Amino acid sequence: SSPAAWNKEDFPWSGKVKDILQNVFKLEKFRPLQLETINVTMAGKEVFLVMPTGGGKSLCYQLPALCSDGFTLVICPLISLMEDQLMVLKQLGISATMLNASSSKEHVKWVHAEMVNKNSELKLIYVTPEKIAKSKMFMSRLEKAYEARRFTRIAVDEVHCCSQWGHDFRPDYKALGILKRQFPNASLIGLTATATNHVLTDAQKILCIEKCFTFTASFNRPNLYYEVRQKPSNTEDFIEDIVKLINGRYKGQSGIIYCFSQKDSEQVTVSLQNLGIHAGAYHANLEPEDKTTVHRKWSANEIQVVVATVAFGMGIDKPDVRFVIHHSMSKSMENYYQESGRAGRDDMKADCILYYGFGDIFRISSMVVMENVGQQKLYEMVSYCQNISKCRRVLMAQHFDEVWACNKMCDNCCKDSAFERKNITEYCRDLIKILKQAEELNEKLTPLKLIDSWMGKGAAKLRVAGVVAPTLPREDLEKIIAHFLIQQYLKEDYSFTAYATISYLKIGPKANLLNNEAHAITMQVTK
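Chain structure, single chain, in the form deposited without the DNA:
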C-alpha cells in the first residue's frame, strides 16, 4: 500500500496521537508524510522515511515513543545530533536519555536499571552504533527489556549510513542488522534526507529487513523564491546591493548570508556593521562562546543576519528566516538546496538569492580538488547559475531525480523574455588559439590572463594576432568562458604551491570536436 492509505486519523491511537502532538509537542498539525509514518510505526510495521533536512523526521519516532509502553531505541551517529534532540525533549518535559563513550559509571548504571524497570517513564534512549557492536552489557539489557515487553521500537537515524554507496558511511552501521535478527518484534524506523533507491535498498539489506514501507517527501518547498543574480566585480558595490535588500524588502526580517570562507564572512560582517546592519559572523574558528552568542542573538532577533560559512547549518531550525543570500555559490546543488532550505521553515514566502561570480568557480574548484567528484558537482552548480530560461525547481528536480507547479516562484518563471541559440564557436576557437600559443611558449594562463588576452590586454606575449573579443560586457565574456569550461572544450589544470592550490585553463578534452569545421557551440541568450 501507499502513503495515502495511511493518511488517516481512524486508528485506536489517533485520538492519543493528535493529543500528544498538540499538548506535549505544542505543534498544531502534521507536515506532509508525518502522520502516515507515525501510523505505520504505531501499527508496528517497518518504514523508511525520506524527507529533507529540517522537515521533521524526528517527530515520527519521538511521538510514537510517547504513545507506547517502554522505550524507543534511537541509533544516531553523532553525539551532537543526539544532544540536539535531548535539549528539545527536556524542554518539552519528555524523559529521554543517551549513552555514550564519555558516559558516567553512575549514568550508565542508571540507564541499565531503567531499561528493565517495569515502572519507568523513560521513553527514548539514544545511542551510537558503537554501543550495539561493542557493548555486551548493553545488548543483554536490550534483550532483557525486549523480553519484558519494554523495548518495542527501534529508530535508526541517518539510515543511509548503512550502505556502501552512501557518502557518510560508518562501519558500525553494518553491525545494526543484529537489531531485527535479535528483536524481530521491535519495529524499526529508518530516517534520512539523503536517499537514493539503491542506497536505501542496500540499507534495507544491511538492517535485515523485508518487507518495508518507503515514504518519500518531495524536496520542493513551494514558499521559497529562487533567484540567481550577477555577482558584482566591485566588492563595495556588492555590499551596497545587499544593504539595499536588507533595508528594503527584508526590513526588520531575519536571514542568512552564506560565504565561501571565514575571511569573507568576517569581511562581509564588518562591511555591513559599518553601514548600520545588525550583522553577526559565524565560522568554525570562532571561540565557541561567541558561536552561541551569535546564534542566541540571531534566534532571538537581536541580530538580523548571520554572515556565515557552511559551518552555520547543523541543527538550525529557526522558523522565520525570510532570506538566505548566497554571497558565493555553493560547492554543489545538494549543498545549495540544503543551505537555501534553511529559509522559510514557517512556510510563509521566503527568498533564496544566489550571487554568481566567475571568480568563484576557481576558488571552489581549487578547494575541492581532492574530492572524487568535487569538480563535477561544482560544474552542475555553475550550470544552474548559467541558466536563464529553465524553471529553477525544474533544474533542482533533475538533480534529486524526482518526478515533479512553480507558480511564478523563481526568477526564470517570472520572465516574459524569449530566447535563442547563439553560435559562439569562433570565440572558443579564438581562446584555444590563445592557450595553444601559451603552451608553445611554456606559459601558464590563469583565467584572468586568458580573458585579458582575449580582450587585447595583459602581457603582449600572450596575445594572438587577429583575435578580437566582442564588445560584450565582462560578465558576458566570463559566462562564455564558464560555458566552455563546464562543456569541457576548456578544462582546468591545478598547481599545488607552498600554501595554496591555484587553477589555470587549458585546452580540455572536447576541443577535438572542433577538428570538425562544421562543429557548432551554442549558448542560450535572450531575444
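Numbering follows the first chain given and starts at 1. Whichever C-alpha set is largest while still superposing within 1.5 Å between the two forms counts as the rigid core. What changes on going to the form deposited with the DNA bound:
Both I256 and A281 are counted in one common rigid part of the motion between the two forms, based on the superposition that better accommodates each C-alpha. The interdomain rotation between the two forms, with the chain split into two rigid parts and fitted on C-alpha atoms, amounts to 12°.
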Given for the second form:
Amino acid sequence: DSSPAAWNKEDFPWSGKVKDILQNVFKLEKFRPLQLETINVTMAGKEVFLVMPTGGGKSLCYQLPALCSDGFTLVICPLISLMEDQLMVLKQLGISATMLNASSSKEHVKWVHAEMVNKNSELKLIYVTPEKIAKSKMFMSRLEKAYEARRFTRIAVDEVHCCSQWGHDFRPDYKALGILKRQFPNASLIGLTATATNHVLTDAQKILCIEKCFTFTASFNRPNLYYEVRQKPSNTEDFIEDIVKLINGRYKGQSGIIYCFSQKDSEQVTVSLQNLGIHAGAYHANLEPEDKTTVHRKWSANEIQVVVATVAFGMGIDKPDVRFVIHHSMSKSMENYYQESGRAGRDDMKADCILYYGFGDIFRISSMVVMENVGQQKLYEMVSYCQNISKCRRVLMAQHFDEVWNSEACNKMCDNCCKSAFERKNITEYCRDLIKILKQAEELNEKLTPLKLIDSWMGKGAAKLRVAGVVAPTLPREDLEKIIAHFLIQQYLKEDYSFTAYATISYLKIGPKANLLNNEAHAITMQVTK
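I've shown you the form deposited without the DNA. Could you give me the structure of the form deposited with the DNA bound?
This part shows the chain on its own.
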C-alpha cells in the first residue's frame, strides 16, 4: 500500500522475538529479501499479498509468525503434495503441524478436530484444501470455536493467484475463500504467490473480501546465477557431445537439469547421455507416476547426476545444489525460462543457466502455442532475448518484469556483460530478396516454410522456388537464420499457421511492415559482432 521499505526494521516489540525464532527454530542467520517486511506486516495484523519467486522462502513468512503467535495458523493449499512438502520440512524442524485432505482417515480428522478445539494443543499449523472450507460444516464449526477461543488468529492462502481466471492456474474452490475474512475478521490474512499481476492480485483481493492489502513484490534477481545463450548446433550428435563436454568438464559430479521441448526430446537426450556414460534420467508427463517419483528420488539422492526434463518437472523442486540448468530448447516465454532456470543455485552459491538457441525451435514452439492468445507474443519476447548480443540478461529480465534495474547490478554475471566489440549491419536488401522469393512462391500458389524460404535464399530446394539474381550473403547458416528471425519479430515477415491431420505447421508470409520497403530510403539494421 505505502512501501515495503518502511517495514525493513527491527524496532517492533515482537522484532526481538521474531529473531529468536528465526535463528533458533529455523536456524537461519539472516532474513532473505522481503521476509522481514512480510513477517512484520503480518504481526501488525494487516492483510498482506507477497509475490516472491519460487525458492525465495515464501513459507517462512507465515510459518515464523505461527510460533510467534498463540494457537495455530490455518494454511489453504490447493494440492496435497505441497502440503506434504511443508509438513516434511516442519517435522524435520520440529514444529507440530498437521494436514486435512479430501480422503484422509476418518479418525485422523477426528484427532484434528479435537486438536483444533483443544486448549493447550501443540499443533501449530493446519494445512487444508479449499473444499474443506467450502463443503465441511464440521471443520468450519471447529474453526469458529477455535477463533472464539483466540487459538486461531492467522490465515495463509497459498497460490492466491488461483482466484483469478487470468492467472495461469484457476481453482473454482477459491471463490469460496472470502468466507474466511468474513467469518474471522480478527484473523490476519496473508496471500502467497510466485507469479501474479496487478489484475490477478486485485481479483484475488476481491474474492478474498479484503479491504486494504499491502502488496510486496520481491526482486527477480538471483545474483549467483550466470546467464548465457549459445548457438544450438545443427547436428544433434554434436550437440549431445557438447553437453557431455560441459558435464564431464565444468560440472563433473554436480547435479543438474536439462530442460527439453518435447517428451521425445527428453527421452532421446537421456538415451544419448546414458550411452555416453552420464547418469541421466528422463522426466515428462507421459511417464508413470512411479517412474516419475523414482527419477526424482534418484536425482535428489545424487544417484542420477542429470535430470532431462520437460516442464512437467517442477513438483516441489527444492534441490539446493543444482549447479547447472541447460535448455536444450528455448522456453516458450520469459516467465517459463525464468522459472526453469531459477531451479539452479537455490543454495545461493554460483550456478550456470545455459540456453541453446535454434532457428527451428521458434516454429516448433509457435505451432505449439497457437491456441494461446498471447503465445506468439511471449514466444517472440523469448526470441528477442535470444537474439540479443549486447544487452545484459538481467536488464532484459528486468524489462520483462517491469522492474527497476541498475545497469551495473549484473556485475559480471551474464555472458553479454563479460564481452564495443559489436557493430551494425544493414540488412534491407536481404529483406527485399526474401520478399521477392515469397512473391514468386505465392504466384505459383506455394506456401513456404522457413526451411523452404532459407533454402531458396541459399539456392537449394525446389528449383521453381528460386529467384533469379537472389544470392545469399557469404555467412554461416545461423546468421541467415538470425536475420530471418529478426525480420519475423520485426513484422516484415509474419507466421501463417496451417492445421493438418497430425500436426500444426508454420509458414512465413509477407508481413505488415513490408510495404515500408517501397521507399528506398528505408533501412533495417541488426547488430552483429565485429
